[PDB]
Structure formats: C-alpha cells, structure tokens
Amino acid sequence: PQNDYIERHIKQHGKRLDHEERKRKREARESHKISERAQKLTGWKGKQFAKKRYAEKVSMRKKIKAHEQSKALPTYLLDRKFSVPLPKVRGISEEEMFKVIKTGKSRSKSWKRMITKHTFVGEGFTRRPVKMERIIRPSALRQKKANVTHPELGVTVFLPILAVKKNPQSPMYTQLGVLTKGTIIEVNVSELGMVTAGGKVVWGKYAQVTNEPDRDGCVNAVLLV
Amino acid sequence: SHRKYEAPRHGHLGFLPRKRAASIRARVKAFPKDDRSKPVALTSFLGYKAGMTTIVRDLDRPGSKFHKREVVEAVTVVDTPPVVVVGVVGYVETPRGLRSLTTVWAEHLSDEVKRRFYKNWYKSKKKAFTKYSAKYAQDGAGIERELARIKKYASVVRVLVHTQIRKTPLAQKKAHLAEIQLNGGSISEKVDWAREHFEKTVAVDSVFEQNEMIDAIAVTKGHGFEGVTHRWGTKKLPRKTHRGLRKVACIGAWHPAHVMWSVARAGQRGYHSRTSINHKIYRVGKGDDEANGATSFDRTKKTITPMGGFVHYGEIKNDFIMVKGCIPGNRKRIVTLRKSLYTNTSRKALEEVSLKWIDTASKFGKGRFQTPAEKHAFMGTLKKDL
Amino acid sequence: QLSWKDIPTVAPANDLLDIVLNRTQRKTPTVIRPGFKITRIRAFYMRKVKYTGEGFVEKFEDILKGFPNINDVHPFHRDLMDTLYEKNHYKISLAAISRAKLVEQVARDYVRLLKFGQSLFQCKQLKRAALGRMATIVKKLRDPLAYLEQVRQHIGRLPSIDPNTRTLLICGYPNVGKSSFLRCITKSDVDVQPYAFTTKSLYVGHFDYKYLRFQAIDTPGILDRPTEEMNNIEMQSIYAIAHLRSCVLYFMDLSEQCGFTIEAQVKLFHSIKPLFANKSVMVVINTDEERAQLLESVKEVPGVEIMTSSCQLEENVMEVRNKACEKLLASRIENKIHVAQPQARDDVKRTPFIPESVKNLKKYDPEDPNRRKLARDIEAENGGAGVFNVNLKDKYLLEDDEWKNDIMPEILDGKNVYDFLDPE
Amino acid sequence: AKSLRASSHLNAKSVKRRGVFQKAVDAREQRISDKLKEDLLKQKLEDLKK
Amino acid sequence: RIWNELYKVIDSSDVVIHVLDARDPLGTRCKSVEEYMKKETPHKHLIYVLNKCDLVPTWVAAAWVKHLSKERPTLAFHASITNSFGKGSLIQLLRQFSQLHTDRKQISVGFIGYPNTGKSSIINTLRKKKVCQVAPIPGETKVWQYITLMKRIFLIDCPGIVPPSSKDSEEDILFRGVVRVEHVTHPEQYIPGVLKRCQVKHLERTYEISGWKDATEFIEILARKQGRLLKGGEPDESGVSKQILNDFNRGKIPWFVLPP
Amino acid sequence: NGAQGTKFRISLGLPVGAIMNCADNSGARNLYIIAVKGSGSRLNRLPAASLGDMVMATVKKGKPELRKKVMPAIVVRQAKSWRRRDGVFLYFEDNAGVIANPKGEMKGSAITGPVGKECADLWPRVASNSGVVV
Amino acid sequence: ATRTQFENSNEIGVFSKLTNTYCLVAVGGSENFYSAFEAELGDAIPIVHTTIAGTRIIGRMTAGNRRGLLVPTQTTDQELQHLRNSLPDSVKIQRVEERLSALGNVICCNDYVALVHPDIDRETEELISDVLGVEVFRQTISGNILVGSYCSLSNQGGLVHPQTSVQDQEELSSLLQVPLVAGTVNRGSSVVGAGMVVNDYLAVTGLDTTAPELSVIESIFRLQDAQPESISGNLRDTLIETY
RNA sequence: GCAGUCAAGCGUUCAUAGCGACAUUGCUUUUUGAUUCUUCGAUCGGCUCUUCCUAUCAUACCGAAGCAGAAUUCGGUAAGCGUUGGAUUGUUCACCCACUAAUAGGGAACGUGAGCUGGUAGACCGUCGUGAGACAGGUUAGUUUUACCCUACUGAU
RNA sequence: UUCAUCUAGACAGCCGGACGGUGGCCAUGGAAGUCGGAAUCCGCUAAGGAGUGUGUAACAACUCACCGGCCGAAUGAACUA
Ligand SMILES: Nc1nc2c(ncn2[C@@H]2O[C@H](COP(=O)(O)OP(=O)(O)OP(=O)(O)O)[C@@H](O)[C@H]2O)c(=O)[nH]1
Ligand SMILES: Nc1nc2c(ncn2[C@@H]2O[C@H](COP(=O)(O)OP(=O)(O)OP(=O)(O)O)[C@@H](O)[C@H]2O)c(=O)[nH]1
Ligand SMILES: [Mg+2]
Ligand SMILES: [Mg+2]
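For the protein sequence lines, the chains are r, B, b, z, m, V and y, in the order given. Under the authors' numbering, the letters of the first sequence match residues 2 to 72, 86 to 94, 117 to 261, in that order. Take the second sequence: its letter number 150 is residue 151 in the authors' numbering, and every next letter is one higher. Under the authors' numbering, the letters of the third sequence match residues 2 to 102, 104 to 288, 290, 299 to 347, 361 to 448, in that order. Take the fourth sequence: its letter number 19 is residue 20 in the authors' numbering, and every next letter is one higher. Take the fifth sequence: its letter number 131 is residue 340 in the authors' numbering, and every next letter is one higher. Take the sixth sequence: its letter number 123 is residue 126 in the authors' numbering, and every next letter is one higher. Take the seventh sequence: its letter number 20 is residue 21 in the authors' numbering, and every next letter is one higher.
Since the hints were made in silico from the structure, they are not lab data. Hints should not be assumed to be uniformly reliable.
[Said to hold, decoys possible] The calculated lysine to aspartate or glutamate pairs, modelled on EDC-like cross-linking and capped at a C-alpha distance of 16 Å, are:
hint: 1; chain 1: B; residue 1: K357; chain 2: V; residue 2: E68
hint: 2; chain 1: B; residue 1: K302; chain 2: b; residue 2: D437
hint: 3; chain 1: y; residue 1: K93; chain 2: y; residue 2: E126
hint: 4; chain 1: r; residue 1: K217; chain 2: r; residue 2: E159
hint: 5; chain 1: V; residue 1: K64; chain 2: m; residue 2: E429
hint: 6; chain 1: B; residue 1: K201; chain 2: z; residue 2: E39
hint: 7; chain 1: r; residue 1: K180; chain 2: r; residue 2: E159
hint: 8; chain 1: B; residue 1: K128; chain 2: B; residue 2: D112
hint: 9; chain 1: V; residue 1: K66; chain 2: m; residue 2: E426
hint: 10; chain 1: r; residue 1: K181; chain 2: b; residue 2: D111
hint: 11; chain 1: b; residue 1: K347; chain 2: y; residue 2: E242
hint: 12; chain 1: B; residue 1: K201; chain 2: B; residue 2: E94
hint: 13; chain 1: z; residue 1: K43; chain 2: B; residue 2: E200
hint: 14; chain 1: V; residue 1: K106; chain 2: y; residue 2: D209
hint: 15; chain 1: B; residue 1: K287; chain 2: z; residue 2: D40
hint: 16; chain 1: B; residue 1: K153; chain 2: B; residue 2: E94
hint: 17; chain 1: r; residue 1: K48; chain 2: b; residue 2: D19
hint: 18; chain 1: V; residue 1: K10; chain 2: y; residue 2: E8
hint: 19; chain 1: b; residue 1: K281; chain 2: b; residue 2: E316
hint: 20; chain 1: r; residue 1: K53; chain 2: b; residue 2: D19
hint: 21; chain 1: b; residue 1: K397; chain 2: y; residue 2: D44
[Unchecked claim] FRET-style restraints, in silico, Cβ to Cβ:
hint: 22; chain 1: z; residue 1: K36; chain 2: B; residue 2: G98; range: 30 to 40 Å
hint: 23; chain 1: r; residue 1: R178; chain 2: b; residue 2: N15; range: 32 to 42 Å
hint: 24; chain 1: B; residue 1: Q211; chain 2: z; residue 2: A7; range: 25 to 35 Å
Virtual Cβ for every residue (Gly too), placed ideally from N, Cα, C.
The task is simple: from the sequences and hints, build the whole structure.
Dropping the structure here:
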C-alpha cells in the first residue's frame, strides 16, 4: 500500500523468471484459441463472440483506410404537394381498441368499454361518475407531452400537447383523443420563439405522430411546418 | 411447479427394497483384499448378541476436551464361544463371476451341524455324512484329489465353520454354518491350514484383540407392517383430515399418470440385513478366567453377566467380545464380525482403550447394586435369614 | 475515514450493461408461450423489467455509498483529494450516477403501462423499450465510470494518516536526504535516487517513542515558485504542512551537494515560514561568513532550533528524533496515575519470597544450540500438537521412582478407596 | 467443504496409510497368528491326554 | 391499494375537502397531496375543514381558522346527526361551487385526510342519517363510496392516508389516529408523550386520582384504582396504557396544540 | 467466534419464543427474541439451542433504556435434562439468560446464582464474572 | 514481563494460576502455554497441567499462596491426588465446602494478606485467618465484589480496574500495606485478574495489552532494574495522552 | 421508438436514383452526488410429498483484474449436495428483520376446465330505477358422500 | 476468379545497417522519435518515420517500417462457390 507499491516491487525484484516467455506463448496461442471459441461456445456466447469479432474487423478496416487516405448550386440553395408524412396508416378495429368490462357480482351487464391505447383527455378532465361513465380512459394511458421533431434543424423537443384534431380512424376517436399512429395533434411551440409577419407569436402548430404508442411509452411526432 | 421451499428427501433410496431378509443370518458380501505376504488369518467370526451395558473409560485423546478425563459409554456384548472348522471351499475365477468347483468336508461332524442339515431331527435316521466318512477310508484318494484340485485351481479359499450353540443358554440346539475367508498367502498353505484344522476349534482371541475396529453384519429386529410416518419419517397431518392423517396427503397440484418408486409408502419395517462398520473392541474376555467384569481400577471380583443374568438371555459362561455402541440386531441373534476391509486413517483405531469400571447391575429394573454381596450388605439381614 | 479501500469495482458502461442484462436473461425465466394467460405474460415481462431496474440501482448504490463524500470528511483529506482528482469532476460524475439512479422512473412507468398489455407482442415491445432506455442511460455514462475506476484504484492505495496524532513532517529541497532519513528512522518503502522529484507523493512511517505511537511523513518537494502557479505535487506538501498538528523538520544539507544552493534553501524556508507560525519547527544540517549569516537568518525567526548531524552516524538521528518528539509533547500537554500509599498501620514485616533457583538460573535464548528442550520440541520430535500424548506423570514427586506407572484403585465392592484412605 | 471423495484428502490419507497405521495393522497380524498357532498346540496337547 | 383509491377519488372529484383534526391540523395536513393538486390539477379547488372543534375551545378554533384562511377557505365543523356545527356554511359553499360548474350537470366532492378525522361523520351529518359506517377505530372505511345530495352534488368517501415522511416518528403516528393500539407491543413507553401533551388538571379530573409523578407510577395507580391487575398482584400496565392511548385520541382526555 | 473451544453437543431446551430470567443487576429481568447463532436450516424446525449458546434477545421486563433493543447473549441455565459426558444427567431450577456483546464480553459485571460448567469453560468473561460455578 | 497467548485468548484465567512456588496450567491440545512458562522458569519450580472438575478455567476455579492451595467441592479425588503428587509437601492443599465455588474470583491474595467476598463465613475460613496464612478482609473494589477478577495482587504492589476511586484505593492499600494503582489490560479491559497473572519476579499477560499498560505493570510490580513505582514520574504524560 | 448524420457492401445492361451492416447525434428534462425517497383504474396464495432443467445462490476446481495480505468483483467446467425460521389480511400480483455456507431461478397444473384450504335460496347500508328489480359498491350467514374393480406403487406367498 | 512480387534472387528465417541538422517547436518538476498539442522539412543515402511498439524519472537499450548479406524457386493479399 501507500503508493504504487507493485511498480516499486517490479523495479526492485522484477515480475518473475517465467513471465516474458509465457506472455509470448499466450499471444501465440491466442490465434488458435480464437478459432477454438468460434467453433465452440454454443448459443448466446457464440453470437456475442461473432458480434465482437465483426466489430473488431470493421475497426481495423477503418484504421487502415484512415492511414492510407491520410497518406451545381451555391452555398445558400444547397442544403435545400401538401401531403402529410403518413397517409394511409394501418386500420384499427373497434375490437382492438375497446376492451369489454363487466360489472356486477355475477358479471352480466357489460356496457363498459376501456380504451387500450394512449389518450389525450385535456386540461380539465375530471372523471365522470361510475354509474354514468361508459368510456374508460385510464390514467396511465394519458399523455400530456409529446416528442416533436422539426425535420429541418435536426432537432427534437419535449412539447406539451394542446389537442387532437384528426385520428384517421372513425372521428369518434378524435373526440375521445386517441393517439394512434398517423394521428394529428396541436402542440405548443412557444419554446421555439416562432413569430409571424406582423410580430404575433405563434404558440400552436400541427404535428403527426409517427409511432404506435401502445407499444412504446413514447409519443413521437413530426411537425407540419 | 417449483415447490416454493426446498427440503431434503425422506428416506434413503439405497436401502431398498425394504423387504424381509431372506435369511436370519445376514450374508457377508465382501471380505478384505488378500495380501499373500502375510500369515494365514481368518477374515471373520460368528457370535450371539447378549444385551448391552455401560462402562467408564479414561480417555487419552489429544486435541479433545475429554483429554485426560473420564467418559461414560455404552457397549454391546457378544457371546463368542469357539468356532469349529468342518470344511473348505475353493472359488475359481470366471468371466461370469466366481464359481465354486469343490467343497471338502471333515471326517467326523457334530449332531449340531447335522441338525442344521436336517429339518425334522427327532424322526430321521441321521444318515447325513455316512458315505463321506466312508470316503475318508484308507488313503482318502478322493479327499486328496479334491484338495489338490483346490491347490491347483480356485484362486481363493473359504472355510466352512459352525458354532457351539450347546455352550450358550439359547434353546435352539442347532448350529449355524458359515463360510469365512482365509486372507493369508500360498493357497497350498491355506489348504494345509484347513486340513490340519479339521475337527478343531478357533477362539476369538485368535481372530481379534483390543483396540480393533470391526464391522457387524446382522439382521435388524422386525417390527412388521408399519406406516409411512414411522417407516420413513414423514410429517403428520394436523388433525381429523380426510381419510386419516398418518400418511402423505398427496403429490401436489401437477398431474402424473403413475405412482413412483420414490413416494414413501407403507410396509415392512425391520428384519432388513445391515452392515455397520468401525466399532472398536474394548475387551476380549474369557470364561476360563473369572473377574472379567473387574478392572485394574476396580479389583472387585465379578463377571460381566449382570445380576439376574441378561434379559431374554442367560449368563456368559464363555469367551466374549465387547464393542462400543449399538450394532444391528437384537438379543438372541447371529452376528458376523468382520475386520474393516481397509486401513483406517483415524486415531480412534490407535488409542489403547483402558477401562475403569463395568456395570453388572440388574437390567430387569433399576439396578442399584453390582453384586449380591453388596445387596446383602446394604439391605442387611432379613427375616428369612435368622 | 482512513483507507477508503472497500469500494467494489466500477465496471465500464458496456461491461456493466452486459452484466445486468445477462443476469436478467439467466436468473429470471426465459420461456413463455402465446397460449398462456395474459396475466402470466404480464407477470413475466414485469418481473424482467423490475429485476433489470434493481440490478442497476444496486450497482449504482454500491458506487455512491462506497465512494467518500469529498466534503464532509476532513479539510486535509478534502484538499488532498481535490488536488489529486479535481473535486469538480469528482462531484459531477457522482451526480451523474445519482441522477441516472431515472432508471427507477422508467421501470415504474413501463410496469404500470404493462398492466394494460393485451398481447404478447405489445408486452414484449414494452419490455424491450424499458431495457433499451436503461441501456441509453448507461451508454451516456461511459466517461465518468472510466474516471471513477481510476480514482478507486488510486484512493485505495492512498495511505491511512490520522491528522490528530503525534506527527512530524520531513521537509526540505529535492535531492536532500530527508527521505532516507525516513528510511533509517522507520520502516518505509521509499526511493532515494539522486534527482529532484524521485517521490511524487506523501509517504508515511511509524515509530514508538516513550510508549507512544508517532507518525513521520515524507513529502516529495517544494520549489521557490511565487505561488500563484504551482503543481499538484507541491500543493500536497503545502496542504500537509498547513493542516497537521505536527513538528516539522527542515533539512538543509549544508554542502555543495543537492544540486541546490544554500541561498535558495534559506529562500524557500523564508517563503514557507508563514505556514510555520504554530508548527514547532526544527532545522537540521545534514557533512565563509555569508553562508553563516544565512543561518542566523533563520535563527532570528522566533520559534526555531538548529541541529547539526549526519546520515553517516545513526545515533544523532535518534537524538534529533527524540528532540522533535519532546518539542511536540510539551505543547501537546499544554493544549490539553495517582498511586496510593499505606500510612503505617502495623509493624508486621513483609518481604518477597524468591528461591535461589531463579537467581542461579540462566535466561532462555531461543537461538542457542545448547539450551533447554522445552516440551514444544519434544512434541515436534514425537508427533504434532494433536497426536502427542503427554504423560501427566513423569513430573510427580514420590518416595520410590520404580512405581511411576502405578494406578490407585478407586472403587472396591461397594465402597470408595479415597474415603477409607488415611495414613493412620 | 472438501468431500469424502476429494482427490487431495484421499492423497493425504494415502500418504498416512503407508506409515504409522500400517505398522499397527501389521503387528496385530503377527500377534494373532502367534495366538492361532498356540490354540492348535493346546488342542494337540489335550488330544495327547488319551 | 389505499393510494389507488385516493387518486381515483381525486380524479373523479370536482372539489376536494381536506379534513383536519383541530387538535393537530398541521400534523393531519398531508402537504404532498396539495402539491400534487397544485402541479397536476389546478382546476380543482382544495378547501380545508377543521373537524372535532367541540373538543377544543373556541379561541383555538378561531386562531387556526385565521391562520389557515390566509391560504385556503378553511371552514370549522362539528359532526353529529343531532347536534352539528358548520352544516349550513358548508352547504352554501358547495352550492357556490355548483353554481360555478353550471355546465357539468353534476359536481363531485371528495373527502381527503388522515384516518379517524370524521369524513364519514361529516357525510352522515350532511345527509342527516347513517349513510356511511363509523367507528372510533381508524380503518372502518376501506373503499370509496358515492353518496348523493341535491341531485347535483356527489360526495365521495375515501379511506385514510398517511404519507411516508420519514421525519415523522412512530410516536407522532400513534398520537394521530392512525393505528389500532391493540397491535403495538410496549404501549407503556408512549405515556410520557401523553403527559407531555395533556394538562395535569384535565388528566386528574378525568381519571379522578390525584397528584402523581412518574408515568410508570401513574399507570400502576390507575390500575390499582380500576382493579385492572393480573393473577397475583402485578398491575396490567400494558392494557391500561392501551386504554389510555385510546382515550387520548378518542377525546375522553381533552388535549390540544396551540398555534403561533 | 468469541467463544473458546469447539461446537459441543448438549440437549436443546430453549426454542424461539421463550422468556427466560436475568438475575444480574444490569437492569433486565427477561429475555425473549428470535435468533440463535450456529443454528441449522431445516423446513418447519425451530431454532432452539444451549451449550452456553449465544442468542438474540430483548428485555420484556426491565429498564426502558434497554427495552426496545435487540442484544446478544448466552444461556447459563436451562432446566431441561442435559447429559454430562462424565456420568450423570444435570438440570437446573430454571432458565437463565444473561447479557453480553458479540465477543462474549458482558454488559454487566457480576452474576447471581450458579452458571453452567460448560458455559463457563466456553465463555471466559462469564467465568470471571461468575462467583458460583454449578 | 511477558506476553503470550494460548488458544487465542488474552484472558489467562482460562488457563493458569501462578505464585512464587508453583504454576498450575490447564491441559489443552498443545504444550505451548506450558512451554511459555518453562522458558522463563525452566525446571526451577513445579509447572503442572490439570483440570478442575474436567474444566480448564483453573485460575478462576482455584486460589492459593506459596504456603498452600484451596480448591472447590466439585474437584474430583483424582485431580486432587494429582495435585498432591505433583506438588511438594510444603504447599498444603485443601478442598473447601462452599456455595461460592469460584475461589479465584471470590478471593484475591498474596503471601501476607487476602481479600474475600463479603458473603458466608466458615469454621475453617475463620480458622484460615491465622492457621494457614494471615489476614482476611471482607472488602469491595468500587462495588465490584469479585475481587480476584477485578484486582490483581502480589507482595510488591497491586492493580485494580480503572473505575476504582482514589479514596477507595487509599483505603485498600492501607489494608494490603503496599501500593495500588488503577489500570486496564488487553486493549481496554476492566477485568485484570483474568487478563493477568503476576508475582514477585515475573508477569504474564496477553498479546493485545499495550506498551503503556506493560510499563505500568512493570512499574507497580518492580520488574526492570529499577522501577520503584515512581517511574510514573517519568511516564506521566504518556498516560495522560493515552487516556 | 421517432427523425437524422456517416459509410463496409449491394448497386435498371445508371457513377452522380435507390437499398444499406457496424458506428453515431438529438428528444427523455437539470450538470456539483439534496431525491425526502411520494405509490395514480391488472376482470389468486398455502400446506403435505416426489422428480426433473440449468439460465449456479452456496460448497469443489480454475482464469482475469492495481488482486500486498484479508475480503470482494467479473467470468469458465459443474445440477454431486443443500438452498431456512418468523411478523404483517384498514390485504400480499408483496415487503420487513434476523439466522445462515446460501437463504438461485423455473417446469411437470395455470397452452379452456381436474387433490386438501382461504379468497344460489336469507338480510342490511350505498348508487340507479315510477316500480317489480338491477348494480360502481360494501358487510354478514350459508350439506357431495370411491378404491370393495383394472393398472401403477408398496410389502407378502 | 482477380490483382501483385520474383535468378537485376521473391516468401520464411538468421546476421548487419537502421544515420545526420536534432535533445526540431510548444508546453513541464522532468519528456531527448514513443504522457500530451500542433508542424511533419530538408540533407546524405542501398535504405533509414521529426518515428511502429516494449522500456527509462529522463537518457540508454531493444524493436518495426525500410535497405543489404547468406539461403535458391515459387509466393502474398482480396474475393466467390
Ligand atoms: N552526506 C550525506 N548524504 C546523504 C545522507 N542521506 C541521504 N543523503 C543524500 O541524499 C541523496 C538522495 O536524496 P533523498 O534521500 O531521496 O532526499 P530527497 O530527494 O529530498 O527525498 P524526497 O524529496 O522525498 O524524494 C543521496 O544521493 C545521498 O547522497 C546522509 O546521511 N549524509
Ligand atoms: N367529538 C367529535 N368526534 C367526532 C367528530 N367527527 C367524527 N368523530 C368521531 O371520530 C371517530 C372516527 O372518525 P370517523 O368518523 O370514522 O372519520 P374517518 O376515519 O375519516 O371515517 P372513515 O372514512 O370511515 O374512516 C368516529 O367514531 C366519531 O365518533 C366530531 O366532529 N366531533
Ligand atoms: Mg529524490
Ligand atoms: Mg376511519
């Protein structure tokens, strides 16, 4: 202890008698043992071994490439229909959206429908009484913010959702606020500092969701400029 | 599913099938390996179990916490009168196993072994070995030819001996017969030893001595048809369960289509043949010399046999072997003492046991006196005396 | 405090990821089927997410609790570890790990989402999503863990110093002799080659003086350095001299040796004398008039004491050591047994009873050929500790020696011999 | 722990056997043969009482 | 299970009443739920109701109401089907909120607070009959229930909640009606807290003893008085302490905290 | 560890959930709680031990400063029928309890009543604090 | 002085009793504790293994001076015979019938005085007052009534445990007629009698006792040439900064 | 996951279309380990007893680690042997403190439904209904009962 | 299958050379080809990098990249199936 004591020890006495020969022989046998591990290591270990070996091959290829290589529009027009980026999305059945819920001791009444997918309810939601509610939009499947990307600027932002204007499946779903793929939403954009001609600040814009958030907790979307 | 709580098995699957043994006399299934360098020696002996008793010993065991301290211990007593030799068997090697190719018997034999060969002795004419004794005529051509056969072939030699049940208090009149292996060298010398030893006895001092670790092979005390709880050691169901509580309730949730060999059912408990090894001899006592139960520390003349004799057994008027602890079998049985099959690397088989005292009190109750003289002296003179 | 060595290993990000995910794939079950109940499928993937979260937070907690709080320890250790490890980087890395311990949020959110999974594919994708976000968080921890493993190895090898104990610093210029002073005075593995910064760290040694543990500290070096620029090796020396409650021995080496001139030596002394205001200083010369004026230079400081001596002789070393210890203990007791007596109660005489045998006796030299056998060795001869049977007899004192191996009878017919056994 | 059939423990036992234990095991054989021969000679002496 | 019911009740409610014990409102406050309601749900109203105002003097109630009206309306109340206080004021406030929420077609009012504060009893007081089960033991309401008045106001009963603020203590949690004292092991160690909180004059007027020292001696005096002793002569300190701790919370022993 | 000697076997009398006596004047009267050190692990079986065995315990009756506080210490009397390897079966009037730290050192300084021979031989500081052995 | 350890314990009462004319030890696995005494003593005096009622705790089971040796009721006839045979006729050995069987805890003694537990009298204890040796005193060491454990003694000086007061020390040194001091053993132990055995010429304790404690022991018992108990005059502030 | 960058290759008989492995950027909230830790709508758990899998918790043998020693971390062969006692039903799709060498995961049922044990008829409160009654609820009380047959299994002729 | 080297001697082995301005410039307690940042030039050459790695506190020493001697005829790389 107290400092680099083994470095001192190696300076004073020195490593072993049988250290350099054995290291040379390990480096020599590694060529055999690499192939031995390839023809062996059944399963996940062999898969990972192959992945590592492929990545190592690519690294050395790029290194040698770097070695051997190290040995009309203007600037402003470079870098440059009204169709949304997702028309014709997969169609959702009413069965795949609504789950049946049964009420009573002997459960015999169903009349209740739970929406299985992620939802946007609003700002003043305030659940209905149980005897009067039929549509159930559970609290975990309730989104307030989305992950909206501007195609330009290569930038994304975690913006608060303002509304749902168009879910392409059965405009009932728009009023329920179902955020399925291809759904069009109004999001706030005051964080970006956008302003129209006249000096009026823009604080709302349309965006289209690109993912199926029933499979991912994320609601990812693309701005419609 | 995965049982939620691991626990060990109930019972040992090696001591199966738990059936009645096919003979009252357990069969020795292995004798020690022969070294042909060493003298001729018996590998085993026969005896009759006679109760148990208690001793005190002075323990010179270094490392222990009774080092140089006294220790009370139980011991078993086997009545071991001398054993009589009556025959020889030679066991040749084959690529199927070991085969006997000849057996040779002695000239004269006792009514005991004849009774062993017979099953209704009081009616028979007792014609057992007449023609063999006749075959023991002038030169014994047949006897010598079969002995020479054993010398030539046969590989290993065992000796047929019997007991002297006549000497014990047991009411049987019929001797046991057993093959006991000879473990010295020179098959010729083995055969010569046996030839010279026909019609002659071998005492237990000539097969064992103190501080020796021996194995007891016997049969264990049948109790009869017994249930799961006492035959394997299972838990009991709480109370007033359906179809009873002294059993296994079930196998669980999962569904087989058969009952396995592993699920602890009812049946016979006892009369199984057992081989219990490494019991240390504490005394090789002799009937010729009284004061067997006495000791260097005691100097109180008395034999080991307690007051009123042993229970369900008589007196020890014969040579006996004392071993420590608990052997298989109950009193009045036939046990075989074998010697250890292997050199034992424990200091337990080196320590020279020394006794201080032996308990010769009555086992027919709570015994307080070692001798009737002590009882007389303590109680004092009674009404009947004078 | 004092040897923060018990810190578990800090693996890099990829290895930590492989560990925590393979543990999940191994311990938790791997098989479910579509025909099974949706509750079974949900419980499966929930168990996976929860176990994966628990692994990461266990690992991170082992880092956070095992590592010391660089504030909240002692100012000396704080400043030392700051000049070594850059306190800002240290705290920033540990805060990164704390905020990553996020994983809990992901696990809770995705489990609560998994409660509503209506299909094996949905549940599988949610599980994959949780583990992937965990992996992203850990991938963003590549550099701090590399920093922290190195700091772990270093801080484990640091020495255990108590700042409050009786201490003495050994200071001077590079290449003086102050380190093989430590070598000679005390057990210590230190290098003494002839060049400036042979040692780059503090080295500690212990000794016992007057039935008290002292600790001597060799410090690598100080240069004259106008002090708004200096390196982390000299700032160790400065912080050690400033913090600790020691005596301090400045070695001058009055000689052409050292590769350093006496003017520069006294210059450094006058530079660092503000640290000496409360530190019990001594100067030692390790063998013209201006060079002597430069010595009364330093004598004119109020609290100081000069000594001349050598590494050539080994008694002046112990001399000056004891001087330094005595200088310290005095104002230690300043900054801070009763035996009773009879009072003459009687005339009855009392005196030590000792036989002539012990006074005629010879001590036990363990390294003499001709000596006493001492039953240890009789054991070694016969057989080891657990085999040798000692005879409790062979020591006993009797009228006749031929009866050594006798036994006394204990019991006769009913009676016991010890009860009837009188001489008369 | 180290099992019964552990190679190292069995090698240690193998080294112990050839020494202090086999001597004690071999002495008993000579003793018991010396007793076995006398139990024959006494029977012969009793046979020669007739 | 309980906090699921809490959040369900809140999400179903348009108004949230927060029931406090006038003995220890700041103890019974639950600030984390108010912070959640601030950040998550500003469209809810979150008012206070001091209850058990009949156990403390009028000036303590006025002081607490003054201290809390600075931030939240804070009515005072006493719950009883026969002899009540604050019923009309609370009715007026609820119909005010109803008049504000004229479009919803109904307005739901949740009852939040610690256990044993009087939520069920307040609802039973508004309806003026036994609608909800009531008991002096804490956990009688185990699951929510809707109750109706005006065809326009829906009361919701909630179970009791305590947040896991670990600055709290088992003693502080005991001296708020939370636990059933039958299940605690050594009830004797808490009687010093009872002496600390309560006044000796009320405490001797209640049990009619006198002049004790040493709460360990207090218990044995009370046990010798009540004949509450074991087979032999050991007085049962455990059960007597359990009874004292039940009395303290149930209000057989008068006690109260002063405000600033 | 802390004890001097081997794990020797004497019969078990004191399962979990057993209130036994303390007679020293450290302040305690009683000892209850769970644990026994050097206990096996078998389904459905109680941890119960003696042989000067160390056990976890609380003061059910005593001073509040040490009530509510788990502590280790050692059995000195049992009242079950124990066997001495030198002859006879032994048993005491009662169970007895008393208090210590994990190294075998006592919080109290003297013991009342007899203490077991094997318990004192196994624990030194018990033998120093005990005036009465057997 | 001397430090050593058997099996691994710093408490010497587990193994031994020691006076000017004999040394009792316990029988153990190894003859290393016996050899530790044989080294400093040689064959000059009796060094004797054996147990007391099959127990090793013999300094705490026994007590005696150069004139004799008291052993308890639980002692067997054989161990008693063994002690008689192994010791000369100069030391009278006696088996005592008493309720308090730990004589080395109940008694602290030297060749000229003895302290005892304040509990029961006896015929031959009131007779031992002047028969066997000399003065007995029923006293108590700062409330600790286990005098042979909480106080070590010899003819030249005495040690007590550190919670003893100056007043009680002066009161007890008057009875013993020799100087006392309060100290600790084996890294902070109040129990001195078990942790240490001492006499007019030699001291044996554990490996863990510190150098200041050894220096006090050496001082108060007059071991090194010369240490007449006010060498504490020299080592004043060592003990100050130690404690 | 979404949207991107790059480029090893593929490349309508395209050089300047498209596809694209390995790497890599942004979004997830923060930079100084203060995070008071703070739960948000799921249509089972517990006894006896047996075996099996390895994706090994411990024990056995090895490798690499700034691995001084001591302890520990990562990993290779390995399923031979073990993998507990309890508290908690205002509930437990669980957690708590202890003992321990260790307190590893699962299957053979739950790929409709199958040992033994907890979790329709009467009555009350709540919501709704004109009502009969129903339920968003909640509480309470509340009778399946083999084997003597074949096979298997265990013992016995 | 394609591309390359080869009796003006290929591949593999041993041996030797592997220089000079120059310890190139910043930096530092020290860093001389080899902790780092940025230049990365010329000279003499058969060839010899302001240097491929081991190493030193720094130098040193060894090494490869490159050249030559001995050896005496085939060899290497990338791809496809
Ligand atoms: N004349 C003399 N020279 C000494 C003596 N001791 C050391 N030296 C010299 O000191 C030189 C080495 O310096 P160090 O002992 O390492 O002192 P230092 O360099 O200041 O120690 P550090 O700064 O901690 O590394 C040696 O070359 C010795 O010649 C001594 O006793 N007498
Ligand atoms: N003196 C007094 N006692 C009250 C008052 N309100 C309630 N109580 C008593 O407090 C006891 C317990 O309070 P609860 O009415 O159950 O209040 P709660 O715990 O929120 O009710 P649950 O929701 O059913 O748990 C009741 O048994 C009442 O006797 C009050 O205003 N004054
Ligand atoms: Mg140097
Ligand atoms: Mg309540």
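**Asked** Does the Cβ distance between r/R178 and b/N15 fall inside 32 to 42 Å?
**Response** holds (36 Å)
**Request:** Quickly compare the C-alpha distance for B/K357 and V/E68 to 16 Å and report which way the hint goes.
**Result:** violated (55 Å)
**Message:** Run the distance test for r/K217 versus r/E159: straight-line Cα separation, threshold 16 Å.
**Reply:** Roughly 22 Å separates the two Cα atoms, so the pair is violated.
**Request:** Would you mind confirming whether the straight-line C-alpha gap from r/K53 to b/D19 stays at or under 16 Å?
**Result:** With a Cα-Cα distance of about 13 Å, the restraint between r/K53 and b/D19 holds, given a limit of 16 Å.
**Asked** Within 16 Å, alpha carbon to alpha carbon, are V/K10 and y/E8?
**Response** Between V/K10 and y/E8 the Cα gap is close to 15 Å, so the pair holds against 16 Å.
**Message:** Holds or violated: B/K201 and z/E39, Cα atoms, limit 16 Å.
**Reply:** holds (13 Å)
**Item:** Straight-line alpha-carbon gap y/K93 to y/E126, limit 16 Å
**Value:** Distance ~15 Å between y/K93 and y/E126 Cα, so the pair holds.
**Request:** Can you let me know if the beta-carbon spacing of B/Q211 and z/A7 is within 25 to 35 Å?
**Result:** Once the Cβ atoms are compared, 33 Å apart, the range 25 to 35 Å for z/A7 and B/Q211 holds.
**Message:** For a C-alpha distance cap of 16 Å, please report whether r/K48 and b/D19 respect it.
**Reply:** It holds: about 13 Å lies between the C-alpha atoms, which stays within 16 Å.
**Request:** Compare the distance between the alpha carbons of B/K201 and B/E94 with 16 Å, and conclude whether the hinted pair is satisfied.
**Result:** violated (29 Å)
**Message:** Tell me if the straight-line CA distance from z/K43 to B/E200 falls inside 16 Å.
**Reply:** holds (14 Å)
**Prompt:** CA of V/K64 to CA of m/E429, is that 16 Å or under?
**Reply:** Given pair V/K64, m/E429 holds - Cα atoms ~15 Å apart, limit 16 Å.
Hint compliance for this structure: hints 1, 4, 12 are not met, and every other hint is.
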